Amino acid sequence: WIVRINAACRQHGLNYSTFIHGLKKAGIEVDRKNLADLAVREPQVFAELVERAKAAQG
Amino acid sequence: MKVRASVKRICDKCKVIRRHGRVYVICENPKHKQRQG
Amino acid sequence: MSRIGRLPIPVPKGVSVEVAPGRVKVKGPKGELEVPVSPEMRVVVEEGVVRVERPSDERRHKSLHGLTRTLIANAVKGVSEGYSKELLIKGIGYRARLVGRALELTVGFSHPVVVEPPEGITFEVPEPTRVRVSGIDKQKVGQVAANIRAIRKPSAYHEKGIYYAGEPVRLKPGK
Amino acid sequence: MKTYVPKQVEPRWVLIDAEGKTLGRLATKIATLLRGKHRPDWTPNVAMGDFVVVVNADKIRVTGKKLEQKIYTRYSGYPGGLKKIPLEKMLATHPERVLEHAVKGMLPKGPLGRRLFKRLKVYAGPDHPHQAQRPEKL
Amino acid sequence: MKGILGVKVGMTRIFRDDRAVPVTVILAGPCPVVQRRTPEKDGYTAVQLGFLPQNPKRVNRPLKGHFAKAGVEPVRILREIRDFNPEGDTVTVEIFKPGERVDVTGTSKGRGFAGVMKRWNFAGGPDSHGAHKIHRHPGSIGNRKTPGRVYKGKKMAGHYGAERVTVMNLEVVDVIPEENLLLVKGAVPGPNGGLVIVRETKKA
RNA sequence: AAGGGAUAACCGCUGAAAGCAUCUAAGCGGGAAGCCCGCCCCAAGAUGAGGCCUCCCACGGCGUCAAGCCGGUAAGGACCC
RNA sequence: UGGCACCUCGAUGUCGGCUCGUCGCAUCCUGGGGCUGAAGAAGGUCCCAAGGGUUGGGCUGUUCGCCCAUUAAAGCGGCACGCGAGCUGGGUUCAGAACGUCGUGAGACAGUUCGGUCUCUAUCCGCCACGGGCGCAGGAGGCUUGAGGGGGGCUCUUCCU
Ligand SMILES: [Mg+2]
Ligand SMILES: [Mg+2]
Ligand SMILES: [Mg+2]
Ligand SMILES: [Mg+2]
Ligand SMILES: [Mg+2]
Ligand SMILES: [Mg+2]
Ligand SMILES: [Mg+2]
Ligand SMILES: [Mg+2]
Ligand SMILES: [Mg+2]
Ligand SMILES: [Mg+2]
Ligand SMILES: [Mg+2]
Ligand SMILES: [Mg+2]
Ligand SMILES: [Mg+2]
Ligand SMILES: [Mg+2]
Ligand SMILES: [Mg+2]
Ligand SMILES: [Mg+2]
Ligand SMILES: [Mg+2]
Ligand SMILES: [Mg+2]
Ligand SMILES: [Mg+2]
Ligand SMILES: [Mg+2]
Ligand SMILES: [Mg+2]
Ligand SMILES: [Mg+2]
Ligand SMILES: [Mg+2]
Ligand SMILES: [Mg+2]
Ligand SMILES: [Mg+2]
Ligand SMILES: [Mg+2]
Ligand SMILES: [Mg+2]
Ligand SMILES: [Mg+2]
Ligand SMILES: [Mg+2]
Ligand SMILES: [Mg+2]
Ligand SMILES: [Mg+2]
Ligand SMILES: [Mg+2]
Ligand SMILES: [Mg+2]
Ligand SMILES: [Mg+2]
Ligand SMILES: [Zn+2]
Numbered sequence: 061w062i063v064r065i066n067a068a069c070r071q072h073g074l075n076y077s078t079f080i081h082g083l084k085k086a087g088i089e090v091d092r093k094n095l096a097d098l099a100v101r102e103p104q105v106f107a108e109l110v111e112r113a114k115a116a117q118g
Numbered sequence: 001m002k003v004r005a006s007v008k009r010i011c012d013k014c015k016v017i018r019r020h021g022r023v024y025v026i027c028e029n030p031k032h033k034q035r036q037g
Numbered sequence: 001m002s003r004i005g006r007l008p009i010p011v012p013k014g015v016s017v018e019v020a021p022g023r024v025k026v027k028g029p030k031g032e033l034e035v036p037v038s039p040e041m042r043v044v045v046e047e048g049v050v051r052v053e054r055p056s057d058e059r060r061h062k063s064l065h066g067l068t069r070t071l072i073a074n075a076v077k078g079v080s081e082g083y084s085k086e087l088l089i090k091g092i093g094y095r096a097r098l099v100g101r102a103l104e105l106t107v108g109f110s111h112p113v114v115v116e117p118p119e120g121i122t123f124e125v126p127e128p129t130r131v132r133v134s135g136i137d138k139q140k141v142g143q144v145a146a147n148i149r150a151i152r153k154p155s156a157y158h159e160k161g162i163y164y165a166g167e168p169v170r171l172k173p174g175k
Numbered sequence: 001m002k003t004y005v006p007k008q009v010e011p012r013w014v015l016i017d018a019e020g021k022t023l024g025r026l027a028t029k030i031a032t033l034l035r036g037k038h039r040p041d042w043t044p045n046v047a048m049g050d051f052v053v054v055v056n057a058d059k060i061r062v063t064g065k066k067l068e069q070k071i072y073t074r075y076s077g078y079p080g081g082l083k084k085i086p087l088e089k090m091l092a093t094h095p096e097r098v099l100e101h102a103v104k105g106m107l108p109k110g111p112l113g114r115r116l117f118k119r120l121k122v123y124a125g126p127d128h129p130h131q132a133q134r135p136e137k138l
Numbered sequence: 001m002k003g004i005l006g007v008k009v010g011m012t013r014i015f016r017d018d019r020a021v022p023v024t025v026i027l028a029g030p031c032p033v034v035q036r037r038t039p040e041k042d043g044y045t046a047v048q049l050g051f052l053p054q055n056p057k058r059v060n061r062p063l064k065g066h067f068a069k070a071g072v073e074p075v076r077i078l079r080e081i082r083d084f085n086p087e088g089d090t091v092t093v094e095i096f097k098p099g100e101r102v103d104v105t106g107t108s109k110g111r112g113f114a115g116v117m118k119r120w121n122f123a124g125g126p127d128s129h130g131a132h133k134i135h136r137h138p139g140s141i142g143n144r145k146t147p148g149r150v151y152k153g154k155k156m157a158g159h160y161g162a163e164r165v166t167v168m169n170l171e172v173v174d175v176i177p178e179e180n181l182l183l184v185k186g187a188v189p190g191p192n193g194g195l196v197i198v199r200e201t202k203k204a
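Read top to bottom, the protein sequences are chains v, e, k, o and h. Heads up, the first sequence is in PDB author numbering, so the first residue is 61 and it goes up one at a time. Heads up, the second sequence is in PDB author numbering, so the first residue is 1 and it goes up one at a time. Heads up, the third sequence is in PDB author numbering, so the first residue is 1 and it goes up one at a time. Heads up, the fourth sequence is in PDB author numbering, so the first residue is 1 and it goes up one at a time. Heads up, the fifth sequence is in PDB author numbering, so the first residue is 1 and it goes up one at a time.
Not one of these hints is a red herring.
Partial pick of chain v residues on the chain o-facing surface, computed with a CB cut under 7 angstroms: (1) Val63; (2) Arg64; (3) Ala67; (4) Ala68; (5) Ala99; (6) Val100.
I should point out that these hints are in silico values taken from the structure, not numbers from a laboratory. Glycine included, each C-beta is placed from N, C-alpha and C at the ideal position.
Required output: the full structure, derived from the provided sequences and hints.
So, in structure tokens, the structure goes:
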């Protein structure tokens, strides 16, 4: 699951360690590494999760 | 002399040259030149 | 303290120095030469003199400043025939006669040594007791003169060697 | 059983330029491209690491005193047969074995990565017989 | 690099002005060429000869059917003679000259499953002095626990001979033009009837 | 072996750091029965299974279709002496 | 040579020799070079270099060691002090017997001598050679390049200069 999430998030401009830091701090712990099937199946909402995670760096 | 572990400057006109990694010491008279090895 | 390159070039019979964006080509009245330059250090090609400029102070900018200037300074007097570079020979019956350019010479062997010169090296032989190696570049003359040294090794208890100027500091006799 | 099916389709073609890019640092993105890290549909048993051709296998830059000193090793089972070959000899002739050994040292060692070594072509050209359409990525 | 197809027919002595020479008479007759290689086609650029005549009914025609040069197909192995270049019809013996050094590459005699003492010239155990069964055995073949396994090429019994063997630096004594024969200086590899190729020796 | 290249010890050329000097920090050389070339055979089971010449080839029936459902047969191969 | 006693007492055969090798260099020679109290030759020492060689004998069971004739040299070591599912049994580590010594004696001695059973069939790995099946994306007859691997990688004497 770490390879699928890190594989899917990388082309958006952020890796796994940048991605989880928005989820643990922003109170958006939703993914929880079992939800890789939106990073695989339907990425138009996982990209919005990237949009919610990239603004939570500070 | 020749290859030694310690290198000292007998007959003070020695020149100490570090070439190709290791240390040589040379003079005019070639019986006092030294290689550290 | 004076780093070589803090004093200028200027050269009468003002040979041409061009850009050549990684190197230096020098064309003179006799020949052209070649000096490789490190690309980080900037030598400039202004009027009369050839300036040299280094960025900073470490173990490469402080030595390549002076390497880069001085290898040009050899090529300044190099292309105007500023090198004589004699090789005087000793010996009881040694001589060096020239046929064309391949300088054969008797150095005590069982056959006269045929010296094959490279391109651009002139073996001027005015005397049987002394020759001289001329050319354009200082490396091309000193290397071939070292090849002339490679036949006979001097200072072996007596004469019959070469010294590049004449310098017997040979050693004590053995009786 | 949850639906985590990889649904393997269409192995693609990527050529990598090696003009001044160093080995090792080049061979890690060749390693991840030969493995399949760029694809989100990942499953580690099926080989989805795409077809990668590398161009300009000559003049690969190496750093420091490693040319003439980094000596490879090719063993024969005969006694005394330890043929030591330097890196400047490996770059004088046969430039492809440097990159093939660099990718071979980074791929997995089983029958999967052994199959992945087939999916990596090396050419010192620039020319290659793979002529359908070749998009270049860096 | 001159070369020819040949076949051993026997050996004898010839007499020079003072010394006898142990010559081998060898039948390197008229050799038809069938195919030339090309740097733009195969690169190594050799030339394919074949030498001894075949009646056209034992052939099977992937072999019968080569073009204009040498329509009568030969018998033996169509050997390529490694950058040699004739004019196009055949290669006679007069390419070679007496006084030149020529290589002979043939096929030596297989001794069968030859022994280790006859093969690798060992010594073995003595006949007397209590020797149980060591009279032709090789003996020890390794060491105990380290290294363990026997090294590759321990020079034991097997198929000695019947391989392609090159004997070098042979000087040409005489040339027979009417039957197209060569007279090398002895020690040709191969039996009476073994085909060889005879190149130029280097030895520059 | 004769010959070629890169070399160890060693001998150098030019040259700053260190206005001098220096085989070295940039480079260019010479330099061994040592290393790789070169000689000979093994060798495409080098699945990375190479390359060239020549001979033959659509149905003669039908699927999960050009045999990956089958019977003879072209080039050839095999059995027997 | 030792110290330890960690696998081995339902046992891993011990010294030496013959055959067969392989590896390290801290090189005995051959190949280069520096110094020398190196006039030349012959030398001494040190640095690189293991590619190839390192004899035929007498003595003792000997490794070692001492002598004869040579060579340029008769190198030091490891591989269970290499090698007994290869061999030898001369010594030691069996029963017989004797000598010197100790012990009242039976016997003993890392003191000496003679003699004394050395175990036909290769299952797997390895190795030397030769094969069958299949593959080499149509089927065969040939020719052949070489990714790679081993062999050989010696050396002395005489003469001209
Ligand atoms: Mg060997
Ligand atoms: Mg036979
Ligand atoms: Mg015998
Ligand atoms: Mg018997
Ligand atoms: Mg017996
Ligand atoms: Mg082992
Ligand atoms: Mg100087
Ligand atoms: Mg040097
Ligand atoms: Mg050099
Ligand atoms: Mg050289
Ligand atoms: Mg011990
Ligand atoms: Mg204890
Ligand atoms: Mg047991
Ligand atoms: Mg025991
Ligand atoms: Mg025992
Ligand atoms: Mg040494
Ligand atoms: Mg010593
Ligand atoms: Mg010597
Ligand atoms: Mg002397
Ligand atoms: Mg060796
Ligand atoms: Mg040896
Ligand atoms: Mg034994
Ligand atoms: Mg036994
Ligand atoms: Mg045993
Ligand atoms: Mg005994
Ligand atoms: Mg007995
Ligand atoms: Mg008794
Ligand atoms: Mg029996
Ligand atoms: Mg067997
Ligand atoms: Mg087979
Ligand atoms: Mg072949
Ligand atoms: Mg090869
Ligand atoms: Mg192999
Ligand atoms: Mg080889
Ligand atoms: Zn001094």
